[PDB]
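Keeping the supplied structure of chain E fixed, place chain 2 upon it in accordance with the hints.
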Amino acid sequence: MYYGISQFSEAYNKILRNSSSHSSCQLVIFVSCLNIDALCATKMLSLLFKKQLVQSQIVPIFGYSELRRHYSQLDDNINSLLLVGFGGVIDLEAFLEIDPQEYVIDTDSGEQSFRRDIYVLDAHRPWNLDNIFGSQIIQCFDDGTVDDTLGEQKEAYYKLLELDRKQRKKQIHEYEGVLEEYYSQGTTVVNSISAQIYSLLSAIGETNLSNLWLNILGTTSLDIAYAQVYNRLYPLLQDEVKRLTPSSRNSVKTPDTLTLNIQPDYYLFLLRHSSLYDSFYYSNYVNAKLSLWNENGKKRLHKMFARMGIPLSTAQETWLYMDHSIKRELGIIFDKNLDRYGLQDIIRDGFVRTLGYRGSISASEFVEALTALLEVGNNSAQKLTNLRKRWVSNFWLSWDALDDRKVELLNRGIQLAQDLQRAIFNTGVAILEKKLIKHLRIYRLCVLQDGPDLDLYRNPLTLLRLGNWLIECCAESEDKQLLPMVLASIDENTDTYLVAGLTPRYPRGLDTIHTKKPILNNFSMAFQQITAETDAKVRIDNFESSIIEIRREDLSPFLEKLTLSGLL
Amino acid sequence: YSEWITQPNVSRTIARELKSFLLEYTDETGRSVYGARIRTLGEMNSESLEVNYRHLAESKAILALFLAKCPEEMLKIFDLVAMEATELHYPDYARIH
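As you go down the protein sequences, you meet chains E and 2 in turn. All letters in the first sequence, in the order written, are residues 1 to 108, 111 to 166, 223 to 436, 461 to 650 by PDB author numbering. All letters in the second sequence, in the order written, are residues 194 to 290 by PDB author numbering.
Take these hints with a grain of salt, some might be off.
Stated by the list, open to error - The following label-pair restraints were derived from C-beta to C-beta distances: (1) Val511 (chain E) <-> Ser225 (chain 2): 29 to 39 Å; (2) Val511 (chain E) <-> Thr219 (chain 2): 30 to 40 Å; (3) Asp537 (chain E) <-> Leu268 (chain 2): 55 to 65 Å.
If you're looking for bench data, these hints aren't it; they were derived computationally from the structure. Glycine is no exception: its CB is placed at the ideal position from the N, C-alpha and C atoms.
Chain E extracted, bound-state conformation:
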């Protein structure tokens, strides 16, 4: 372990001592864009440092190349660096060309001090042992995994470090085997950065309703792909909401009251900001459980609505103007008429925040709006950089959406979320009708070669959204065995693909012994190994490890070698 849960306050105090000078701005926060959890964590840090008047700079970085370029550009005065959402799975001192002898001051006296401190803050579990164990400059905000599940790796790393006959060589190979089996592991996510920073705030005592709301947003960002993590962290948020809500309950509503509530939040898509029919129709879970992509699915949906006794005219009405008779009986109606179709998991408990008279909104809807703003908010090596520039710019739109004074931007985000879900649904029914997903014995490939609005999928977030749609659809099919999926999308302007190796997941709400063990995404190591040999102009720079940009002509040989690769 490097920084446990109980000693986050030590890191915060170290940051304050090193860089809380009003003379200059010696603190720089590197945030990974295209990550809602990192966005909420950086918003928390921004508010916390605004309270203590610690001058700081927030830089959205898209890829590892940008991180390296910025660090090279980074001045030596800046003596505190925060990496939010990345950096925990690579040799940062090696990647950034860091040698501790050039950053050490006042070596003496069993202590050491350095002129610059890098605090990595992410949730991807393959901690690089040369970062968590063998470097003092790099300081990792651990969540308790290393101090409990890395004892063997700690011993193996230290023995090899200190040792630089037959028994000695045999034991070295035995220890080196322990390190090797630690690697060759898929990259998962166990915690949410927002929850970690909220734990730090609880240690410092700066918790309030806005920070709790940011924590809820960051945690709810994990419910789509890491539902086990969200279910693990949910009781803590539930306790915090009860702790922070004022005792003056059942009071009259006033234009100033902000209420965090735990009320039934059905697992539909933008239920409060769109019609009930559109909430069922465009839901990922409902689509998986009913197969609405085919023609018979719409008939099933209409039959369900008739069964509940909700007229289609009322069902398609906007949620605000739905008749108060139906809107107040949603719980009873869903209890009576959902287990018939297997949608019992739709009913759920979530967090809903109302700001005075501005109407309710749930964290699930809020994160969809934020994601939409990230995705569509606003010869070959140059236009791609223009895309990176636009993608960085969208981070600030999603950042400004968090402010309560910019609801006119959150509504635009909601509209963009509805449009993007519509486009995702159209492309999904186009893929599943033409049977574009080629089943294999290693990975179910799927390449998007032509169609409409194909420029949406050059963004990694939109491609992951489509992949999550497909994976949710496949997960509820019993015949289809679990298998990694690959999505690609040709970028005509740059003549390059965007391969996004995904991971399968068990059906939502299905809790078993094998469900408890998380599924690990093995595509990162496979991609890196394939790129190391057989130079193919592959661009592996995303913080999301399992996403690469490959030339149009080099895609097929790359996939051939990947098929020959048994790593994944």
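Frame of chain E, contents of chain 2 only:
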């Protein structure tokens, strides 16, 4: 006849027979015609049940004769029966229509 149909015992008998016809009539291919028709009716909030007269004549021809002779009350009885059958397939359909 109108007086014959309006008798409460005769009305109850006719309603029961019509409900049995709707629930149990099957054609040559073996599938229940009116079960599927009621499913489609509720699915699209149709409000109208298309009942073939040939089916009503083939089975329980006396009811077909009554309908063709005094439709004013037979239609009311058969409308109530159709509502009951739809409520059987789609409970709480009275909220829609």
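Going through the hints against the structure:
no.	hint	verdict
1	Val511 (chain E) <-> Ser225 (chain 2): 29 to 39 Å	holds, 32 Å
2	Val511 (chain E) <-> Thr219 (chain 2): 30 to 40 Å	holds, 36 Å
3	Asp537 (chain E) <-> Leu268 (chain 2): 55 to 65 Å	holds, 59 Å
The structure agrees with every numbered hint stated previously.
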